[PDB]
Amino acid sequence: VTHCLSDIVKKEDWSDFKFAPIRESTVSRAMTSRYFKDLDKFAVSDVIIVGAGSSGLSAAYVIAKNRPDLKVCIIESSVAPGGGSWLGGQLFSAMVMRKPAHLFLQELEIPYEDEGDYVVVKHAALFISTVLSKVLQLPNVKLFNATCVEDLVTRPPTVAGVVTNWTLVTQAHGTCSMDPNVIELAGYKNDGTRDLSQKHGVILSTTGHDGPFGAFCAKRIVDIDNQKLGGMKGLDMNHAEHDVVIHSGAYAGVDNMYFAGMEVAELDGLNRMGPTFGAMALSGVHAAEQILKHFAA
Amino acid sequence: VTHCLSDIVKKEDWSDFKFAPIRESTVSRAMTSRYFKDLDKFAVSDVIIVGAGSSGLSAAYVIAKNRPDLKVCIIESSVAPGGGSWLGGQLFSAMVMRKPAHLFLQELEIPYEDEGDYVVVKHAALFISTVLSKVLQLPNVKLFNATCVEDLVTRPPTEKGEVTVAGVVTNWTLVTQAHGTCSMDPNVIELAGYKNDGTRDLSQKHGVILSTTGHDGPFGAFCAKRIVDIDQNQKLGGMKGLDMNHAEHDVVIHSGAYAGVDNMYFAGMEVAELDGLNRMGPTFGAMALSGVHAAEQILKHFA
Amino acid sequence: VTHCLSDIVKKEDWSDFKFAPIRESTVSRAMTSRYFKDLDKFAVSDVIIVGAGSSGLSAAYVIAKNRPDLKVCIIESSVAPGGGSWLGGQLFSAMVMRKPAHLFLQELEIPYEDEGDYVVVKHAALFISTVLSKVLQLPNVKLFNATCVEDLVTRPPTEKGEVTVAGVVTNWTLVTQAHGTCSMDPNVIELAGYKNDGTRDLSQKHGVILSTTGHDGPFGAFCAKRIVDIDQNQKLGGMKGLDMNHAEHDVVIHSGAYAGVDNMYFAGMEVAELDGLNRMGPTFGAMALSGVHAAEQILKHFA
Amino acid sequence: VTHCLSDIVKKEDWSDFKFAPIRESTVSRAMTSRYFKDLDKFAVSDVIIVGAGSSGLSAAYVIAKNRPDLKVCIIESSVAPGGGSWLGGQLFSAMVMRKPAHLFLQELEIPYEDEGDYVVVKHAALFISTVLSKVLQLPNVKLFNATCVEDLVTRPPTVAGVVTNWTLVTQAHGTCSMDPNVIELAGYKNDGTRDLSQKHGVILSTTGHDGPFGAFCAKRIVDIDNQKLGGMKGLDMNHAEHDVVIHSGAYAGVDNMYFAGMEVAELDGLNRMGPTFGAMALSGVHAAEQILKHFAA
Amino acid sequence: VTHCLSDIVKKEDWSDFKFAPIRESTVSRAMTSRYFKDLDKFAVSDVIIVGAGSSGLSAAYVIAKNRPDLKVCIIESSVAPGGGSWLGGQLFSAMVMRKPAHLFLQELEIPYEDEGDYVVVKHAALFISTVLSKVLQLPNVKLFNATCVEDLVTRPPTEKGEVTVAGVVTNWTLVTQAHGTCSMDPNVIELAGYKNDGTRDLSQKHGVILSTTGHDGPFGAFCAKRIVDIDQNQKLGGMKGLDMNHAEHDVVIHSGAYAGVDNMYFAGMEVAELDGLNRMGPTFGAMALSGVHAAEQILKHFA
Amino acid sequence: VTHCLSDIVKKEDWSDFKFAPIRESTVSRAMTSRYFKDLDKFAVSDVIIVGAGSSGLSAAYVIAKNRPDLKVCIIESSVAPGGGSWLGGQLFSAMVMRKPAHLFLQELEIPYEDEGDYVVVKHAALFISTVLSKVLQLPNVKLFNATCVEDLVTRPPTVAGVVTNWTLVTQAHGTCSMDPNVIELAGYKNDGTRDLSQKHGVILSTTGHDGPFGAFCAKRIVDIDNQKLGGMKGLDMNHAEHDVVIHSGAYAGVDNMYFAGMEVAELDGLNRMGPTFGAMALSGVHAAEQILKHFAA
Ligand SMILES: C[C@H](/N=C/C(=O)O)C(=O)[C@H](O)COP(=O)(O)OP(=O)(O)OC[C@H]1O[C@@H](n2cnc3c(N)ncnc32)[C@H](O)[C@@H]1O
Ligand SMILES: C[C@H](/N=C/C(=O)O)C(=O)[C@H](O)COP(=O)(O)OP(=O)(O)OC[C@H]1O[C@@H](n2cnc3c(N)ncnc32)[C@H](O)[C@@H]1O
Ligand SMILES: C[C@H](/N=C/C(=O)O)C(=O)[C@H](O)COP(=O)(O)OP(=O)(O)OC[C@H]1O[C@@H](n2cnc3c(N)ncnc32)[C@H](O)[C@@H]1O
Ligand SMILES: C[C@H](/N=C/C(=O)O)C(=O)[C@H](O)COP(=O)(O)OP(=O)(O)OC[C@H]1O[C@@H](n2cnc3c(N)ncnc32)[C@H](O)[C@@H]1O
Ligand SMILES: C[C@H](/N=C/C(=O)O)C(=O)[C@H](O)COP(=O)(O)OP(=O)(O)OC[C@H]1O[C@@H](n2cnc3c(N)ncnc32)[C@H](O)[C@@H]1O
Ligand SMILES: C[C@H](/N=C/C(=O)O)C(=O)[C@H](O)COP(=O)(O)OP(=O)(O)OC[C@H]1O[C@@H](n2cnc3c(N)ncnc32)[C@H](O)[C@@H]1O
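Protein chains in written order, with the UniProt record's numbering: chain A, 22 to 178, 185 to 202, 204 to 253, 255 to 326; chain B, 22 to 202, 204 to 325; chain C, 22 to 202, 204 to 325; chain D, 22 to 178, 185 to 202, 204 to 253, 255 to 326; chain E, 22 to 202, 204 to 325; chain F, 22 to 178, 185 to 202, 204 to 253, 255 to 326.
One thing to keep in mind: the hints can contain errors.
Stated by the list, open to error - Restricting the straight-line Cα-Cα distance to at most 30 Å, the calculated cross-link-like pairs of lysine-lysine (DSS-like) are:
{"no.": "1", "chain 1": "D", "residue 1": "39", "chain 2": "E", "residue 2": "120"}
{"no.": "2", "chain 1": "B", "residue 1": "227", "chain 2": "B", "residue 2": "181"}
{"no.": "3", "chain 1": "E", "residue 1": "120", "chain 2": "F", "residue 2": "257"}
{"no.": "4", "chain 1": "A", "residue 1": "217", "chain 2": "A", "residue 2": "322"}
{"no.": "5", "chain 1": "D", "residue 1": "217", "chain 2": "C", "residue 2": "92"}
{"no.": "6", "chain 1": "A", "residue 1": "217", "chain 2": "A", "residue 2": "163"}
Honestly, the hints are just simulated from the structure, not real lab data.
Model the full structure from these sequences, guided by the hints.
Here it is in structure tokens:
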């Protein structure tokens, strides 16, 4: 039997095992210094992705892989990212993805079972953990998990950033009050006005349809903007997956604002697809394409 | 600007995009058929790992990588696996691991920042997502997430002790969390080693349970408490104060075979609860390496 | 009618008013940079005070005023500090303090009504807001509010006892209140006195914990219970009935160094829970003066 | 080592320490007598301030300091006053105030760190505790904390007072029922009609935007009055802080009614500012100016 | 068709009806002034009755009717007094009382149906509303409803026992129910018998507590549990099974002075919890008569 | 010392005390037989009063005292009747009643403190317990407490009864489902049609403004009927108490339907009065007058 310590630990009872000694504050400072550096670096971001589910992570991979220089800030309200992609339907495991979504799986080197017009990843968790791993390895991506977007930063008749807090704080806003923080989009001067020498940053909202804060940016934009929440319709896989992919990308009516995933179905009043995931990944690819074109222009 | 569909979607507006058509029942049947196959195949398992946190997943990797033929059944009560390893401390990100835990990171190809006597993974999420990915790709590993162990399957006492494990009693976590409120029976996952009359077959290797359910949360230290509750010759030590030097050392050394019960193994913070050890707070080297230690003992059992 | 802007706002409708312009990220960075500096500076503290109620804040004032060079780290689980001192009894306002506690009020310049053997501050809120203001102005005091102590950092037993304190284990209170529900690790604040290998440096003064977490609420008497839970040579006395004469006397006298644990101090109603003393109800002289007593002992330790 | 008892306690073990003996009822009566005197005195008030957060307390200081003769009744639903000013953003400590808000800090002798166009108070708690201390020391200010305004006292087509209860009672109104009390504004006779020989009292509502009873008086006035709740818009510090300060003061459509703080943003549909506090203090100053002018006329 | 306003309202549409005018503050001051007078007058009481249920209210009537000069202070945690006597069993109405409890009904002029060995009040609500009405009319009785006893005021041990009662610790019930969640101090109500230095005045009759808090609900058997919790020479018997013959007999006989504590009395179902007696279910004769028995002993104390 | 047992119990230790022996089932049957007799008798009622608070009980007394022959069915959702009349305001005790409400107190022989234009009952609980006692003593009044009205029984374009359940069942309707019972008004045949030889029964709804089921019949009538819920306005004692008394009685738009108490303020959009109780009692008297006239015609 062989493992990473086979050459270092020679006693069967592991009596010769040891860690190098440590002081508790060394650990605290190592963590906190790095988190402040993140908060400082990403206080102005090029791309803010709200929601690290299948659509948001798929988009994050394509964006960051193509433009490793861009600061991609991912805000995820739950402790565990991945949203609704840890399971298939009814607590079962298998993740069905219709072709050509398998081309995304090949790119990420995610194995699957080919069934002709669709493929199956043997566990939804395998897809999402793989995408997470690959996204997180990229140099200018930051995952702020346990952190919720509570509002939008705006400028008079565009988005200009997001308003953030610890999720557990947001969930206690009903119950002394606790202010949020802010993450700003690229493109402004120290007087708060537009700097046209800079490319404007963008928000991609991929907060799904479900859960405590589902379809968050859609509701807030509708709350402020002429626009109404379409409302997700009944389940119809052929029409739902097609429309979600096609409708994903730039939002008409607000500048520098993008959507993907099931949030698009809520906003545009499209069908839903239930336990199949091709459109989540590919809507992320589509949104990412449009976002990458914005930064190339 | 290139991506996986660049060769087949040529319209800027994606108007030429399409999925192959589908019928809803095809998707349903594709999912359900597979889940039953899993339930049928793993109804008798060689290794049952309770809790897919850092220590459980680290152990799973070492076991399954070394013995890809063993049925390794991972039961995880939460929807998302990974337990307490998606964050560092106080909702911050960085994962500190003391050397020699960095050798495990090297094996898994997880990048880190070397600070001398310890290293830092830039996000805890990077560690746990990577281990998950590599574990789940193995051919005889199954993750039953959203599924809780709520009791042990046992056989009567022997010379080895009062408690003799033979499997776990399972349910959907959401069902378990409603038991206090018409009642809903559990399922069972059995360990290898028994005949069709329920008695031991000594020609067969007995399966094992590795419990790695941590110390915290709704079901923390589950198997430790159940074993103590069944056998009053044993007691819960109770996790003591934070002391990184002593806690990480002791958790690693004390992980593995549990003295009073046969075919029963522990790793991670559940060991600290059971043996009354110190805790270490936001450092993770002992979680990975206690899993490695338990895995070694389990592999030797099957050798 | 005059106010701070009378010289720069001349329009009755304030149409000539303006702020200097600002960028949102400037504000964010101004806040976050400072909080990290605090976390870095106080990661090793000289005095850790658990609970910013009347007794904790009174102690903090005496300690920091006498020794402004000491890092005095105040951990308070609630958003608003002040604990039980924003009101008198039954939601009424007046704060009764028996003499000689009025001498403390004089030092803090808190006005009161003299009734002979006792005095009355016209609102409890006036006492606690004033002490808070004066404490927070001191240069090496830090208030980490919305932050809970959920465990102790320890070192192995010595001749001084079973429990040896070396810091506190911390988290955002809202996280602590969710532990029963993916798990979230704590942070640590360490006491002065240890080297980079985690062992004691006898050339350095050991830091101290003063626990003043009261008797009531979600985390009442936290350190008393944790110390009792770790060392079974000690037990929780349990707060007895209301008896103002005996309760206030005993709480003041019993406050200070805890007999069984080194570098550990108590004041306020937590002392009553630990030593099994009477309670006093809506009178506050013993809270302030027990803080003074504990502060004296702590200053002597550092002298 | 020296403290307030160094000349009175001479034993190291404090064995010579003693309190003067007391009877429990002496303490009870001292508290209750004073609270009834308060209830009696302030049953008719000149200024009722609803909400003791940054804006309400800032206004209370300016009003009471300039007119120490006026009965200023502060109603605060929480046990601890101070509202949302015990923290900065995301549970961090520092309180950023843009100039000229620093002139308010100088007046209250609150130390700060000067950063050019803005200043920083090292802990939000230092600002709010200092203002509280200074406000509470004034002779005709009363803080009724743990007490909630549940409704308004009115007279046919003005405000004439507030309807009060213990907050914990208000929070149980959903669950035998429990009547409120009343606090009346100055200006009426014993038959309940207007006494024009008296100056009419005023309400200043500063109940914020957040929490269990946020924007209370705004919602209730809109409920009764032609007026609609504007609804707080997205975060934009330049426009939010400017407008909140400017819009604070007398409400158009109801006589003797004033607003300040974030309640103004909800009512008038303004932007929000997130974790900066200059407009809270200065909107209170502005409202206080208008209120003081009403009582001077 | 006649009613109280027939002589002053002559219009069929009541258009000539009117109230005398009023100012809102007149009403407020009328209420608050009176409540403070109550708090001031009863701050020292002769008899403190904890719980305004059937047994407490029955005792109150007998005590106050016989000695109208005594300050009888009734503390009731609920908004509505009457405890468990607004209904019979299983939400049905009828109140069964075994003879000789019917003699109490006769004294209170409560009509009943005579069934031989027992009688029936047609609605439990009729019994409890009538006793309430007659009790509240007495000149030195005060009902502090919506007010909970959450502790006892005590003095140090004597020859009479470990626990020596000197009053009760009070708060608004809604505050007490929030203690587990900034902390809120209680008030105090003191028993007659002490001087201004808090010590006993042997020239004065000591006041008494009668606890009648039942067995059930949020604060059931409060004083029994507190007395047991303070003095470990005593234990909670625990209410046993239902046995009407033995339960009603024993509750009546065992009610009155508590053996281990001076100036302390019990009646009703709290006695069953304390002494470990049977329960009786939906019959109420023992509640009324145990109150009578306790009242007799209390009156003899003051005689 | 003398009590009801002084001639029966002669031992100081009460050792000679005894109850006559009993069998547990004797007690059960005595209770249950009587409750079924009530359910049977009142299954058709002449007057159904919904809510046994100050207004409903005041009305019940006047109705039943004048017409002891009428079956008066009082439905009360709480275990304890009395609604909001066990306390004055802010958990204080005193009950202020403006004249001429004192004439009602004299009739019920409730002592009070005369203060000129108003009187004070020393405890609200004294008023409500006295009225309860006197109402419950009447021969054809039944109090079904712990019982909630969940809906109305109707006949096509009138009320014809109420739909009832145990309150604890009603409160679990959100969580296997549990059907209600019915209480019918007098006036119908066994085929369910109107019997014009009989006087139609009436509903008086006095369910207040507050609590879990406040203003129940007002909301349900508005739900079905042309009519809108006025909504209770601000506190103004002079106008509120006058209007509540005047507006109490027959509802225009539904036949055989009456209101009194604060439910009238919700329905007709009137002011509220806070902690004064004259209008509650007198609105009950007014409603009772109209109801008694209906049964006299
Ligand atoms: C195909 C399947 N079902 C279809 C059907 O049933 O018809 C399905 O719903 C998809 O898996 C959804 O994927 P998508 O990426 O659109 O959203 P979701 O997985 O919920 O991810 C959203 C993520 O967004 C997070 N989130 C949600 N709201 C917020 C917020 N305000 N701030 C930060 N993060 C937020 C949330 O925690 C989650 O991780
Ligand atoms: C080092 C750090 N902090 C130390 C300190 O603060 O002192 C720390 O606690 C570690 O991250 C814990 O790692 P470990 O693998 O021991 O447990 P955890 O991450 O809780 O994983 C346990 C997993 O086990 C799951 N689980 C818990 N109970 C059950 C059950 N009965 N059935 C199935 N799954 C269960 C649970 O959801 C979770 O995913
Ligand atoms: C005299 C009066 N009544 C006596 C009686 O009724 O008999 C009375 O109880 C005093 O006001 C209590 O003063 P003290 O300073 O002992 O405690 P408290 O005011 O509860 O302050 C404790 C503080 O400590 C905080 N706290 C409590 N637990 C924790 C924790 N684990 N970590 C951090 N902070 C904690 C808590 O939020 C609070 O602010
Ligand atoms: C600048 C910052 N954030 C801006 C942003 O996020 O965009 C911010 O929100 C300010 O700190 C708010 O200050 P403001 O004084 O407007 O309100 P707040 O601090 O909530 O104080 C309101 C006070 O009013 C109290 N309160 C609230 N409602 C009531 C009521 N009905 N009766 C009595 N008191 C009440 C409440 O407890 C609290 O103390
Ligand atoms: C005979 C019947 N059933 C017997 C059986 O089922 O076997 C039965 O239980 C009797 O009705 C009980 O009468 P009793 O007077 O003992 O108590 P109860 O009616 O609960 O009245 C207690 C009162 O006491 C109150 N209370 C209870 N605890 C407290 C407290 N700590 N402070 C103030 N008041 C308190 C409570 O609200 C209540 O009103
Ligand atoms: C004057 C004072 N305050 C004025 C102000 O604040 O402005 C005040 O509100 C009065 O005391 C109210 O008297 P009223 O008789 O109108 O109602 P209330 O005492 O709530 O009685 C209603 C009764 O009706 C009951 N109830 C309420 N809903 C139902 C239902 N659906 N079925 C049966 N019973 C019901 C409820 O339990 C209660 O006992």
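key: Hint consistency between residue 227/B and residue 181/B [alpha-carbon to alpha-carbon, up to 30 Å]   = Roughly 16 Å between the alpha carbons, so the hint for residue 227/B and residue 181/B holds.
request  = Mind checking the alpha carbons of residue 217/A and residue 322/A for me, to see if they're no more than 30 Å apart?
outcome  = holds, 24 Å
inquiry  = Check whether the Cα positions of residue 39/D and residue 120/E lie no farther apart than 30 Å.
reply    = Roughly 59 Å separates the two Cα atoms, so the pair is violated.
message = Hinted pair, alpha-carbon criterion (30 Å max): residue 120/E, residue 257/F. Please report holds or violated.
response = With a Cα-Cα distance of about 56 Å, the restraint between residue 120/E and residue 257/F is violated, given a limit of 30 Å.
message = residue 217/D and residue 92/C were given as a pair; does the straight-line alpha-carbon distance stay at or below 30 Å?
response = At roughly 60 Å apart (the allowed maximum being 30 Å), residue 92/C and residue 217/D break the hint.
request  = Given the hint that residue 217/A pairs with residue 163/A, test it: the Cα-Cα distance must not exceed 30 Å.
outcome  = holds, 23 Å
The structure shown violates the earlier hints numbered 1, 3, 5.
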